[PDB]
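Given next, in structure tokens, is a single chain: the form deposited in one PDB entry.
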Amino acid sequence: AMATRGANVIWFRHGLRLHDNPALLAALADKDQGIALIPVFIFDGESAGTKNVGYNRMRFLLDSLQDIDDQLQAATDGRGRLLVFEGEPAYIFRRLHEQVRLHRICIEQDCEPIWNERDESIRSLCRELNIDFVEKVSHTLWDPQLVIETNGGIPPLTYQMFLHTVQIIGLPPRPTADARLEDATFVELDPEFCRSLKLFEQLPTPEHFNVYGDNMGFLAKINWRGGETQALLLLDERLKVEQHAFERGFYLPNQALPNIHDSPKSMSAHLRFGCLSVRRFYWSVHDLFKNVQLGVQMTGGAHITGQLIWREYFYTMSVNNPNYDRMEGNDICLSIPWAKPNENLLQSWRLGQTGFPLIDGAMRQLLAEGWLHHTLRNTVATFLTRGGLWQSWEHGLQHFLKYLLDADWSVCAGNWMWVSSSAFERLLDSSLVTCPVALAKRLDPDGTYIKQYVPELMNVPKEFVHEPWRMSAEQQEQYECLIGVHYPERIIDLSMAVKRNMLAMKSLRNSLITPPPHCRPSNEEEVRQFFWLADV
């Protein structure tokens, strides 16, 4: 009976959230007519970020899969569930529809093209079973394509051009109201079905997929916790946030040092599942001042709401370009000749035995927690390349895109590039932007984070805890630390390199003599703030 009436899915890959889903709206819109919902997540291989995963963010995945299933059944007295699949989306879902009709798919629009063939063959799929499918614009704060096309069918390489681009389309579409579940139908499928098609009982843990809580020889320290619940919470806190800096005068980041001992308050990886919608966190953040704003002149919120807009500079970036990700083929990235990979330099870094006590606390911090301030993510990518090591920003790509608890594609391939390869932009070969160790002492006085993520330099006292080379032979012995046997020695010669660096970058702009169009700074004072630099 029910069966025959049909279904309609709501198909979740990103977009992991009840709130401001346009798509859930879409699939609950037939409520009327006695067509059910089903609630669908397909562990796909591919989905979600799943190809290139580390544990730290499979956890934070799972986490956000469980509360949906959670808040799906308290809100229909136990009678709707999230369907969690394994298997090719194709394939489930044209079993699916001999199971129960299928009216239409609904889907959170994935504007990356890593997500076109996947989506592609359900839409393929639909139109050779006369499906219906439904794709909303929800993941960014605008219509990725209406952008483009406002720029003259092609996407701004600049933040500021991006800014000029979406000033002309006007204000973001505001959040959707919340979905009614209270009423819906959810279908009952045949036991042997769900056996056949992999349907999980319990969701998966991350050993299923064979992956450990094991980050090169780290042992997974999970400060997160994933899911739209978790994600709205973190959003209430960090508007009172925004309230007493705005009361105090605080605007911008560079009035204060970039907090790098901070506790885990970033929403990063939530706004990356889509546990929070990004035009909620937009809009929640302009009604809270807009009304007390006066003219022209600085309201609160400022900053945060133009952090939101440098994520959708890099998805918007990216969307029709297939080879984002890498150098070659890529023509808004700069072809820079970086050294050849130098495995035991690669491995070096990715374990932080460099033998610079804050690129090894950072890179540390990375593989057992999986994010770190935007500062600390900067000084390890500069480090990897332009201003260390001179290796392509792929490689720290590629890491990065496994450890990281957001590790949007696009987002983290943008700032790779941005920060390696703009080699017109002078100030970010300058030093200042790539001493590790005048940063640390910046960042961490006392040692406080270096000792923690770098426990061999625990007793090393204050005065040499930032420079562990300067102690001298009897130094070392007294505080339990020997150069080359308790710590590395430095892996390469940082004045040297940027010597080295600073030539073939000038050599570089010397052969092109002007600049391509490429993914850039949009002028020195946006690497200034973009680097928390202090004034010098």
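Only the largest set of C-alpha atoms that superpose within 1.5 Å between the two forms is called the rigid core. Numbering follows the first chain given and starts at 1. Compared with the form deposited in another entry:
Here the rigid core is superposed between the two forms, and of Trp115, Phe186, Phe246, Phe133 the C-alpha of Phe246 is the only one to shift by 2 Å or more.
In this overlay on the rigid core, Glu98 has a C-alpha that sits less than 2 Å away from its partner position between the two forms. After superposition on the rigid core, the Cα atom of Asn223 is displaced by less than 2 Å between the two forms. Relative to the superposed rigid core, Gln347 undergoes a CA displacement smaller than 2 Å between the two forms.
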Second form
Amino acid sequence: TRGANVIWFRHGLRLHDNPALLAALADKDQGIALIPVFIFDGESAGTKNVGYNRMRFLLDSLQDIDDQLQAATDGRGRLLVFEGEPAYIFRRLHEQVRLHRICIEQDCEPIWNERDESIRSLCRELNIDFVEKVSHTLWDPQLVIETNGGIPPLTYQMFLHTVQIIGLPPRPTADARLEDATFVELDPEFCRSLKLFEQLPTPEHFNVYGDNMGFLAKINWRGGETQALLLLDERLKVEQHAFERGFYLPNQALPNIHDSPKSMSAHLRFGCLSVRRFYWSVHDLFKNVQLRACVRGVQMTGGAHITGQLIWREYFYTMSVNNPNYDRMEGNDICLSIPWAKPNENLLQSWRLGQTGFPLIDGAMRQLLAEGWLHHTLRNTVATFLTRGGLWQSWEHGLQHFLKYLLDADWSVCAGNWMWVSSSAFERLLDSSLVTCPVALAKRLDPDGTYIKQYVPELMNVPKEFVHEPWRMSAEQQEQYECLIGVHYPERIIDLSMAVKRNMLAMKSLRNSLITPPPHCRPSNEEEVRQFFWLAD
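Next up, the form deposited in another entry in place of the form deposited in one PDB entry?
We keep it simple here and write out only the one chain, dropping partners and molecules.
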């Protein structure tokens, strides 16, 4: 009529702390309509390389947005979801209703630059205002880079140094007022023509189905802004008592792999939860009070032990900004070049399918296919197992596998973690037994084998004495507990002692040739390695 503004969701799937959205609503007073839009373009929101679980999480999130738009506006406002190429969709939408601006939350990773530039140039041509707002990260990543002399901080501690110089991150914006916004009704033939969904589709609509095995699902996950805010409330409630008490109870501090769909990692990845609101509610809770206690070596004062997790996120995000080669070794200036073994299909598949014969490794890989989430310590162990503390396969194969199956799976965060863990050759402790022995670790994290039997069901009738190391069973025990090694449960696809010695050697031989390391992404020190691996030291 008088025209419309598009708020275009890719990430930033939420109504709170949404600068791009307030900007789309900035013209309510002039009768400018609002069009909420999501486009399945075969890449957006992590949809080029995606499994069932994350696709389910994304759909949940879109439904929740639509539901909220509907709730606020007595049903007048809907999320329009298309399938196709955005420039093509947007040019023709313009034809139907004059777009005055198209607002997005900045997608900062280089993999989005092409997509976003096609719309930039489209907006220039059609004289549409192209409004881009930084909101997925705590700081504008360029700010951090220009502050560090034009290169991203390559260590956590150097990143902290930089954002200390910059100052605390922006607070979240106000909440959008939707009750008085106008929405548009489009010609039905346009809607059919541009493949606008009538109802949200299911993963199968995109030819995405059940995983490399399917139904080990013990816990499940609701995507969406609503669930995010519920989880944050629970988190804050728990912190509140800890704060009042002045400390964590010994078991709140323990890695619990038998626990939650209580993580907000996927919510943060899709932006159902604003990272600034998370930051600032933790800050406000701990504001102005000195504590003494600590959590896993990290002080509690100021909530540093939690805000610090958000910094790790920001730190990998920031490193990737100007590096379209961030997800590979060859050509990546911030990744040590390491002489990995050449791709070995059998070893790789065995790893993906959880068929390595190392119970904890298999349980974790299988949990990843089933539910799409692993505790930080299981991610650690299967990553070292794949790379420097086992198979000596390159970390790229791991990254690629995680990016498909993780409910979170940020491109930058996941690659960052893969490089950090696997390629930091100067970090001697990183090759220690406390990190490369999945058996010792499995005894710490899962003493009774309950987790293991949960996801490696063939070891179910195996008793506690043997569950972590079933190959220690004699022939008679193997037959009695219905589990022959080489039939029911595979043999260890490698000799770990030998593998580890060979690999530690390549690291030594690696350091001594370079002598002085080029700047690469790495642990700031040995203490940080302790924290990162949740080491009992």
